[PDB]
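With the hints as constraints, model all of the structure from the sequences given.
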Amino acid sequence: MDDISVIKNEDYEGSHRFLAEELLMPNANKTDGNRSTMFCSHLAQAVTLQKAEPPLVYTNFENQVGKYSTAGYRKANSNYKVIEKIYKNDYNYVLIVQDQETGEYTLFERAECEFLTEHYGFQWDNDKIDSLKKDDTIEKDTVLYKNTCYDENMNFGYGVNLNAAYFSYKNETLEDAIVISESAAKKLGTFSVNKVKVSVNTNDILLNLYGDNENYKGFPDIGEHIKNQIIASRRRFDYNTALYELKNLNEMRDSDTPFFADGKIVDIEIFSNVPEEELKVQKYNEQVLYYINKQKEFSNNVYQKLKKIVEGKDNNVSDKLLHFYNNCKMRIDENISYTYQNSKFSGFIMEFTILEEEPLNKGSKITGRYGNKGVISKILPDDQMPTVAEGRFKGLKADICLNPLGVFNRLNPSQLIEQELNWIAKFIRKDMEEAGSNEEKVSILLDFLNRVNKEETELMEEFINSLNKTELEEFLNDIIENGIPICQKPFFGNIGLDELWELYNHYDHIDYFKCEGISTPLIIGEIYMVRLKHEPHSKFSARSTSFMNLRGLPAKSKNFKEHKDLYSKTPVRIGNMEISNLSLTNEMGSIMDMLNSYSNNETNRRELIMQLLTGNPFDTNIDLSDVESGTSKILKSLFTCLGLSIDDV
Amino acid sequence: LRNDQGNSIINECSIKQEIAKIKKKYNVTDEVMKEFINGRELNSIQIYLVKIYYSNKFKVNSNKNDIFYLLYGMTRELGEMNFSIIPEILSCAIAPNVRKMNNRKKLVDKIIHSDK
Amino acid sequence: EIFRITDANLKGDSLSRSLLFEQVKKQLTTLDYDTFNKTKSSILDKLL
Amino acid sequence: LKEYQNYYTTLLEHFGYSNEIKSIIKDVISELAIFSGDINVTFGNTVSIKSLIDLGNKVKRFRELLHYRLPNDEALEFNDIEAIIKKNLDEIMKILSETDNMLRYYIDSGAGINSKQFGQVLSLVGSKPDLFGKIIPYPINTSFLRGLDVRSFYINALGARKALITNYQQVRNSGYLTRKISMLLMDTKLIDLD
Amino acid sequence: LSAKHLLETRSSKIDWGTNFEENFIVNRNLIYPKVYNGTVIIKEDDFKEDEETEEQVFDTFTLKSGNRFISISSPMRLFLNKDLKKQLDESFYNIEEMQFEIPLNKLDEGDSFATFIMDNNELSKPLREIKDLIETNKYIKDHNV
Amino acid sequence: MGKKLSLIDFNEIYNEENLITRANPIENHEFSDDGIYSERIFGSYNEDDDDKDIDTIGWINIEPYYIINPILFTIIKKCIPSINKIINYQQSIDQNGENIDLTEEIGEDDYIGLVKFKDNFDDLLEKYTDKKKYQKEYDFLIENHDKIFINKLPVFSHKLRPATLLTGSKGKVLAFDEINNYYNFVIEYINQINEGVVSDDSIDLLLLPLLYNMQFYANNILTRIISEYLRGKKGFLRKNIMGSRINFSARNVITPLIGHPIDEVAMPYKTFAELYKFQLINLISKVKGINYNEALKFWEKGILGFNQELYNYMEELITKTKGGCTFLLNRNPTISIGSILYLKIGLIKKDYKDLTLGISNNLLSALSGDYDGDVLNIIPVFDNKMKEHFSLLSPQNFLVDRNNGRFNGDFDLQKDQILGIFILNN
Amino acid sequence: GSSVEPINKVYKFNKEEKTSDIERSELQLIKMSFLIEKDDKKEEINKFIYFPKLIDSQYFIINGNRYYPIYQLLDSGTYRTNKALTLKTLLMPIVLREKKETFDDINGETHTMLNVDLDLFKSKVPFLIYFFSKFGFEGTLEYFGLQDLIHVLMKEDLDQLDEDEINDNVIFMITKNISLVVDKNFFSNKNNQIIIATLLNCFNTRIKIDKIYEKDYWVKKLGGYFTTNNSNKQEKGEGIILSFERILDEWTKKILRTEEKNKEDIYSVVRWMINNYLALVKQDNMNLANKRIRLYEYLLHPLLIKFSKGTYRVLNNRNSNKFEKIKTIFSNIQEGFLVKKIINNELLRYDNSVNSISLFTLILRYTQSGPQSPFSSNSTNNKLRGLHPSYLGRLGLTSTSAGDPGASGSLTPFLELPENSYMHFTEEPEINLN
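If you read the sequences in order, they're chains E, W, G, X, B, A and D. Per the authors' numbering, the very first residue in the first sequence carries number 1; after that it's consecutive. Per the authors' numbering, the very first residue in the second sequence carries number 291; after that it's consecutive. Per the authors' numbering, the very first residue in the third sequence carries number 584; after that it's consecutive. Per the authors' numbering, the very first residue in the fourth sequence carries number 99; after that it's consecutive. Per the authors' numbering, the very first residue in the fifth sequence carries number 390; after that it's consecutive. Per the authors' numbering, the very first residue in the sixth sequence carries number 1; after that it's consecutive. Per the authors' numbering, the very first residue in the seventh sequence carries number 51; after that it's consecutive.
Hint data in this document are derived by calculation from the structure and do not stem from the laboratory. Hints are supplied without guarantee of correctness; some may be wrong.
Claimed, not checked - With a Cα cut of at most 35 Å, we get these calculated DSBU-like pairs of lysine-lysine:
id: 1; chain 1: E; residue 1: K227; chain 2: E; residue 2: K564
id: 2; chain 1: W; residue 1: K406; chain 2: E; residue 2: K280
id: 3; chain 1: A; residue 1: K349; chain 2: E; residue 2: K186
id: 4; chain 1: A; residue 1: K85; chain 2: D; residue 2: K174
id: 5; chain 1: D; residue 1: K59; chain 2: A; residue 2: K85
id: 6; chain 1: A; residue 1: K286; chain 2: W; residue 2: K311
id: 7; chain 1: E; residue 1: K170; chain 2: A; residue 2: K350
id: 8; chain 1: X; residue 1: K226; chain 2: B; residue 2: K423
id: 9; chain 1: W; residue 1: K349; chain 2: E; residue 2: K558
id: 10; chain 1: A; residue 1: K78; chain 2: W; residue 2: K306
id: 11; chain 1: A; residue 1: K78; chain 2: E; residue 2: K569
id: 12; chain 1: A; residue 1: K385; chain 2: X; residue 2: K124
id: 13; chain 1: A; residue 1: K288; chain 2: A; residue 2: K344
In structure tokens, the structure reads:
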């Protein structure tokens with residue numbers, strides 16, 4: 001293949017026009033392709049972090065990426081002027097606003113959650129919109145509300161900065177394993193929001209889980225938090241026999257259908273299909289009668305609030321406002337029946353949205369930018385982790401220890417460069433902090449920035465000379481506290497090898513840190529960490545005895561999808577080679593007995609269950625019986641349908 | 291889809307344990323059952339009452355022998371207490387048909403005005 | 584005579600191994616492999 | 099350390115493969131590894147980029163190896179290119195192992211630093227194949243640490259994509275072969291006749 | 390899986406011949422002659438259709454080194470230069486003598502003449518033949534145990 | 001001792017009590033009583049009171065005509081050719097009605113009709129049988145001559161071919177498996193053949209073409225059942241006979257664990273509280289002095305949130321039992337020796353949020369896996385007598401290499417543990 | 051014509067037992083009009099269809115769920131596959147297939163040439179017979195522009211043939227008496243020789259001098275190629291001609307980059323394609339200069355499929371009133387046709403993302419699979435999953451789906467698609483052909 005000859009490096013000079021999704025990862029011309037191509041998937045699967053921070057070593061390309069991603073923030077397209085705002089609940093409320101240049105009307109709704117997918121979401125950090133009130137003015141560039149990733153000044157951020165070192169800890173870092181201090185685990189966090197659809201029929205009722213008989217609170221309140229991971233449990237009721245069934249509603253019974261969820265309930269909504277006159281008398285269906293009424297009140301409000309706007313001669317309204325107005329005016333009318341899944345349900349059905357914060361736990365995965373994927377193995381108190389107790393800055397403690405065995409074998413030397421850069425930044429920052437007035441302090445900085453990225457020096461000088469004395473002092477104090485940011489581009493413009501050699505040669509007062517109880521020089525730097533989607537609770541499964549298929553064999557049941565159970569009660573099948581590998585041993589009768597008594601013969605299964613339940617728990621001496629299995633009957637029926645039979649002897 | 295099996299097995303084993311304990315406590319023999327059953331069949335009211343009293347511990351199954359053992363336990367337990375009418379009613383058989391009666395508001399008033 | 588590992592099993596003498604391997608239609612409809620005259624015992628016959 | 103496997107196999111046959119000696123040997127493995135873990139913590143094993151840089155000043159022969167570009171004033175076949183890389187890579191392992199350094203214990207044990215893979219980090223890469231096995235006639239002239247160029251970048255991308263295609267295809271058809279042999283060769287049995 | 394992950398592959402030596410070495414110093418996928426005065430004589434039947442690119446490949450030819458001539462037995466396939474083939478259609482096309490004439494003096498100094506492609510020796514090739522022995526019936530049929 | 005396959009005769013096992021005669025499976029907005037989905041014969045769908053075994057089979061009566069056995073059809077089509085154009089009627093006609101014989105192009109015996117094919121089958125065979133190419137087939141048909149023509153066609157129960165009568169606002173919707181379409185066609189055809197009652201010479205062009213068409217649908221039924229239920233990988237033969245799903249099982253992840261013998265693992269609190277569920281209730285019942293129904297609701301509350309009363313009974317179970325609780329651990333897929341082991345339980349994690357299985361590092365190399373995030377399968381073993389047969393699969397028995405007889409290299413120092421010894425040893 | 055209808059309206063209080071859905075969805079109404087005309091009946095049919103609307107400029111909301119549209123990448127057309135030259139079209143993929151043949155001249159010299167057949171309607175037919183049926187022998191000769199170089203002579207003219215012109219004008223056999231006069235200079239070019247080979251392949255031994263100028267003489271031959279019965283040999287053939295004039299539609303006319311003179315109709319397209327067969331077959335396939343991206347045409351597929359299925363039935367009707375069938379064509383139009391067909395067939399991709407970084411993940415994502423997609427996992431076409439030097443500078447060489455490599459990438463954010471080219475990466479094809 002000689003088609004490569006068309007490619008010429010003369011034109012591709014000083015321009016990153018040939019990189020997609022690699023603009024974020026720096027020093028992209030050092031790592032190989034096999035490890036680099038994993039970074040795209042790693043970025044594709046990255047959950048949101050509560051305490052998001054901007055990266056210390058930035059590629060100067062993430063700001064535009066954040067700006068052009070409109071799925072997390074909502075700004076004002078044109079200058080508005082607040083007309084009205086109305087409430088709907090404790091938190092959620094809407095507002096109607098009007099333009100000043102076209103005369104149209106639009107709506108903005110404040111929320112407290114978002115359902116990105118079936119399990120993961122985020123929480124809106126709505127602050128500016130709340131401060132807006134009482135007919136104010138909204139400008140062009142203002143942002144109403146934003147996600148947790150974006151900071152105050154639109155700077156992007158999708159990870160954290162953690163002190164790291166390359167070390168081996170009791171062979172707990174074999175293969176790809178990571179230990180992490182408790183403080184870093186506290187710093188790292190995640191969100192989780194899920195929606196659950198409970199259903200109620202005419203026959204069914206709701207147990208008095210919360211509260212006494214005076215307040216028949218079937219379900220939690222608007223802002224309360226659920227307990228025991230049970231949101232609501234409904235019990236079937238039969239007309240024939242209820243005297244001995246409804247004696248005590250404060251305790252669970254044998255035949256119940258509870259619903260499991262965890263978190264804090266934020267939003268509810270109830271849809272009903274029964275006449276209100278019949279619902280007014282039922283005492284047990286009390287709390288619903290509250291909320292529904294409140295809901296209707298809200299709707300009535302809008303019908304009396306902006307009815308002069310849309311129904312007037314102007315009628316200059318956007319599509320969203322008109323659709324919302326029609327939808328809200330639908331409810332207050334009479335003789336309306338809803339439908340679900342193209343069917344008319346009888347009893348009412350509500351909605352619940354539940355929000356919860358999940359901390360970092362053992363078994364999760366965290367990766368860096370260069371695709372050095374790892375798995376959390378064992379967390380420790382911060383005391384146990386190595387510390388430096390000899391140098392001037394005694395106290396610094398590493399937060400994560402990575403595997404040192406597979407760094408060169410993995411063919412990706414970028415991590416070493418990043419750690420060395422952050423270590424040199426730490427040393428130069430401490431040297432600047434030790435002494436020096438503001439007159440020359442910046443000079444000590446500029447020299448270091450002169451040998452790393454020549455493009456940054458001009459902007460450094462311009463920004464430094466632009467400010468006044470007090471702001472310059474504040475900025476110097478801030479850079480002393482946090483650390484000097486270092487910028488370098490992914491492909492064209494960065495440090496290689498000769499620059500690192502010269503930088504090391506110029507600074508002659510630098511030595512490795514001497515830890516305590518180690519007797520080996522060590523270096524600790526700061527690296528960028530991003531959490532990943534993969535979790536242990538999303539695939540864990542166990543099964544004792546679930547629903548059986550129509551034929552008789554066990555089969556998958558759809559109950560976990562509707563939040564009716566904790567574990568995904570799905571059995572694991574024995575593969576084609578599993579039986580053979582079991583038959584590696586000369587014993588075959590034991591294999592046959594196990595299979596028949598586990599998932600083939602009904603009588604054998606029942607006999608085993610009984611003999612296991614009653615008898616001696618410490619020592620078991622079961623004795624299986626001999627009864628023709630189901631699979632034999634199925635095969636015989638199918639073959640005799642074909643016209644052939646299996647004959648012994 | 292069909293129901294599960296674990297709860298059914300547990301309930302059946304609970305019934306077996308309960309009938310075994312009933313046998314053990316009163317050292318009952320099969321001759322007592324022969325002289326007590328009189329060969330009568332099962333009527334609805336006795337089944338309903340047996341389901342009512344033994345509801346908390348377990349539920350009543352369809353096997354007639356276990357039902358009659360539980361009925362003997364019924365009679366013994368509610369005869370050793372202060373109750374007198376119920377053991378006599380459950381002792382022998384019942385009428386083939388249930389009599390019809392009016393509101394009986396007077397006796398209904400008596401029971402309603404009672405603190406029970 | 585030596586045979587390919589695929590044709591060695593089909594043209595063998597066992598019955599349990601033939602049905603559980605492949606070519607269900609060919610073994611049951613026609614008689615190219617002569618399925619009707621294979622009576623050799625096997626350790627895997629217990630499944631059938 | 100390879101002599102250890104000869105010691106264990108001289109213990110099993112000495113005691114006649116008894117069931118008791120299997121349990122004792124199973125105990126030795128557990129105790130040997132547990133005490134091995136304590137040495138790693140107290141001594142510590144680290145990988146640092148400064149380790150390579152510091153070695154450069156003291157050993158002059160290493161500086162020439164780090165900055166080495168293929169001469170382009172002489173005609174070279176694809177057989178001569180492989181000779182140069184092997185010639186330079188062999189000399190690297192002699193200098194590093196013989197002299198003291200951070201990585202001395204990483205190479206002598208030979209557990210973690212593959213000889214071929216480690217050469218790519220320091221010395222030049224060489225040549226890479228394509229999607230159809232044909233050798234791409236544009237050898238890479240710069241090592242991984244020294245940096246890469248756009249034309250070299252495209253060649254590297256071809257190698258990575260081939261790994262994904264091969265790995266995915268092998269996963270789809272993996273157990274097909276082992277099913278055929280396993281089904282047939284199963285009925286054999288051992289008799290005890292002399 | 391593991392061995393195939395090793396992308397780097399080895400190369401095999403090629404014996405071009407005595408007259409090949411004395412006249413052409415091959416550099417990678419290129420060929421350059423010592424002296425451009427010497428021409429090349431190629432018959433019509435020498436050209437063959439390529440398996441993949443359908444281009445003309447002249448495996449064997451005899452150079453027209455003036456009065457002298459030595460036959461060339463190239464072990465590998467040869468692809469004619471794209472530049473010289475443009476004038477071959479009319480000028481260098483010699484059907485009168487049933488033998489093409491390619492005057493290298495027309496070709497400029499330091500220019501490409503013939504490009505050859507080479508297939509590396511796959512390390513997984515021996516493993517595949519083991520699988521083919523069992524199924525393909527290529528060798529197993531006509532031999533004893 | 002040895003399984004053998006052979007032909008069968010339908011007329012011997014035929015049961016007159018149950019048979020199917022109906023066209024429309026649905027009547028009065030419900031499943032019929034004499035249709036394909038009948039409840040009298042095959043039983044009920046969601047009712048366990050009927051107690052009808054799957055082996056129950058139905059019969060369809062065809063008389064007095066006969067059909068070629070579908071299983072033997074492919075053999076006969078090879079013994080003699082042109083069977084597709086020899087059992088079909090293609091009589092032509094002139095203007096008035098006199099037949100026109102176009103047999104010049106066709107062979108000596110073609111287009112004779114099925115009802116005449118059976119009568120003269122013995123003579124028809126000898127004309128077009130090759131004795132030097134189909135010798136084996138010719139002898140086979142001579143031995144089994146009675147089963148060439150069948151009389152009744154069976155049909156198995158609907159438990160394997162379900163059909164739902166779910167209703168909607170737009171109208172009742174019926175969904176079923178594809179095989180039911182052909183089963184409803186043969187019944188319709190035969191029902192449309194026996195209408196004639198009075199003695200009458202039936203016109204050949206009205207009855208003969210239907211017989212050939214029916215045999216076409218009978219043949220396709222056998223192809224459909226064998227190409228959808230058995231042959232396919234998802235078919236019953238390779239999914240529910242040689243492999244199977246199984247209860248009493250769980251799946252987990254891998255997490256390294258140190259400071260324990262090589263054959264001791266620690267499982268999460270949740271999975272061990274449910275795999276060994278039944279034995280737990282037996283232990284609670286005796287100590288607490290309550291029946292099984294009351295003890296079940298106690299176990300329900302002891303699994304939602306971590307507690308202490310349940311844990312005390314949990315710890316004693318793994319200490320006093322014989323041999324210790326054990327399970328079989330494998331890996332998907334298994335291609336290497338030792339990919340499935342027989343380990344032991346020696347520790348229970350106190351944490352409730354922990355959901356990882358803790359194993360040693362040396363045992364990892366045997367599975368040829370790593371901590372990348374693979375999911376294993378765990379299957380406990382219960383019977384005491386069965387344990388001694390499975391002890392051969394323990395990692396103790398894999399210590400010696402089966403290949404040569406030396407010490408196995410897999411169960412040796414690997415990865416960093418090699419480096420740690422070298423530092424001290426030198 | 052068709053148009054979008056207004057949907058804004060203020061609801062007025064009513065008592066009619068209205069039905070409302072629990073879940074939210076956004077739709078838009080499109081109204082199409084047709085005029086069915088007959089001898090007396092002149093019905094007007096107005097149909098209404100629901101189509102999802104683009105909200106937030108990124109996604110559709112249907113049944114409370116969110117769906118993200120994705121671009122699709124496909125070749126422009128007139129490309130080359132294994133021993134064939136194919137041109138993509140809306141529903142009918144016209145394809146040219148080549149086969150080698152051997153011919154002998156009067157003196158006995160043997161030549162190996164190529165003959166091209168149009169694999170249309172599940173048959174192998176010479177491409178010259180269509181022109182011979184439509185324009186005739188002389189008509190086709192004039193239309194191609196080679197009528198000055200092709201002549202037919204009889205036996206008596208062959209006896210009086212110009213001896214000194216034998217070498218200049220190669221004379222080839224046609225029948226036992228009829229001979230062909232053609233120039234050697236015209237025979238020099240292989241592309242020109244293609245026409246000669248096809249013309250000699252079309253004719254058979256049996257012929258009549260006056261049958262050559264008659265169109266029906268080979269119209270019935272085409273019919274016999276299509277219908278075996280002798281009675282309908284004429285009529286059926288005529289029908290094929292009609293269909294052959296409707297294979298090409300307007301969109302394929304607009305998309306193609308050829309000049310106007312080679313874009314008048316199907317015959318001109320075939321002529322232009324066959325004139326430059328060698329250069330077209332010499333080009334490669336993996337180059338990006340001749341590929342484009344579609345967004346809506348792969349979404350409007352089910353309506354086209356339904357219309358084609360409806361029109362074929364009425365095209366194959368015999369001895370019946372046409373008006374009833376024409377009415378039945380348009381009788382069934384469900385207001386939820388497009389939505390149901392799109393969702394059920396999984397044309398749209400479900401939105402399953404967890405991060406807020408959407409620019410590189412879903413805004414710029416292209417897949418090679420879908421309707422009319424040569425890519426197929428079971429086909430094992432490793433060539434399509436590779437890379438080409440043209441990818442660099444206009445596509446991402448790194449981002450690939452781990453589940454199936456090569457079936458999903460990501461566009462380069464710096465890409466500048468040329469304006470007014472219908473989503474074409476370039477403005478000129480890979481081969482200049484100039």
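Status of each hint after checking the structure:
no.	hint	result
1	E/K227 <-> E/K564	holds, 16 Å
2	W/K406 <-> E/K280	holds, 29 Å
3	A/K349 <-> E/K186	holds, 22 Å
4	A/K85 <-> D/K174	holds, 29 Å
5	D/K59 <-> A/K85	violated, 68 Å
6	A/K286 <-> W/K311	holds, 14 Å
7	E/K170 <-> A/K350	holds, 22 Å
8	X/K226 <-> B/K423	holds, 30 Å
9	W/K349 <-> E/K558	holds, 29 Å
10	A/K78 <-> W/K306	violated, 65 Å
11	A/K78 <-> E/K569	violated, 52 Å
12	A/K385 <-> X/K124	holds, 25 Å
13	A/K288 <-> A/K344	holds, 29 Å
This entry does not satisfy hints 5, 10, 11, going by the numbered hints stated previously.
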